[PDB]
Structure formats: structure tokens, C-alpha cells
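Only one chain is shown below, in C-alpha cells, and it's the form deposited in one PDB entry.
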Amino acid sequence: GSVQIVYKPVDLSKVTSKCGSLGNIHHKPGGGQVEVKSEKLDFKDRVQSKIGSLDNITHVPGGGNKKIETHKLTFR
């Protein structure tokens, strides 16, 4: 026997923003506090952690648009 695989996907796709102005943005949080206590940490085989992380962010992109795309073909 025999096999033909033809794979021809098309995007004419668009992702877009139009905006006049980003105005006035004030970010004024009051002062926080964090405390943590433990005795042992013991991590094995593919581990992530975050411990004790007081964190303030202002993020004002003039458009933050995106496209995420994937293709897979597998044959056996």
C-alpha cells in the first residue's frame, strides 16, 4: 500500500487595537507587610516555589495584543 498526506492551512488573520489616549493612571497602594515561618523545605524532581513576596505592578502597554499558534503532524 501507499500514503499521501497534504497539509496546507492558511491564515489571512489580523489582531488589532485602535485607541485615542491612555489618560491619567495613579497607583498608590498603602504599605503592606508579610511574614512566613517554617523549619524544613525538601524538594525533589521538577519543582517551583515562591515564598514571601510583597509585589506592586503598574503595566500600561499602548496595546498588548497577541496570536498564539501551533501545528503538529505525527506519523508511524
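Positions refer to the first chain, counted from 1. Think of the rigid core as the biggest set of C-alphas that the two forms share within 1.5 Å after superposition. What changes on going to the form deposited in another entry:
Once the rigid core is used as the reference frame, the Cα position of residue 35 differs between the two forms by less than 2 Å. After superposition on the rigid core, the Cα atom of residue 46 is displaced by 2 Å or more between the two forms.
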Given for the second form:
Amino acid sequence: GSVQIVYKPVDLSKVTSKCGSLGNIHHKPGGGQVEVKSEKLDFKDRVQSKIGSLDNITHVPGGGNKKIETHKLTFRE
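Let's compare: the form deposited in one PDB entry is above, so bring in the form deposited in another entry.
Below you will find a single chain and nothing else.
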């Protein structure tokens, strides 16, 4: 018997952006209040967690564009 495999995807695409001025942006939060209460935690495996935050962000990229791409190949008898 015989087996042959060719895996040759060709990627030629683009992700692009154009802009003038981003200009006046304001973020003026009047601070709230947070309370959290707990007895025991057991984050045993691959947990991602966040507790009692009160958290502010101003993410303002000039681009902010993104590409994600994944390839796989598997073989058995």
C-alpha cells in the first residue's frame, strides 16, 4: 500500500484601516462602590478569574485590526 498527502494552503489576504483625527474622547466616571463576600476558593485547573474589580479602561488604538489563523494535520495506521 501507499499514502501521499499535500497540505499547501496559499494565503494572500489583508486587513486594513484608514482614519483622520481621532480627536476629543472623554471618560469621566463618578466612582461607584463594590462589595464582595466569600468563604472558600478552589481554582484547581486552568481557571481565569477576577473578583471585586471597580475597573476603568480607555483603549484607543489608531489601528486595532486583527487576524487569527490556525492549521492542523493528523495521521494514523
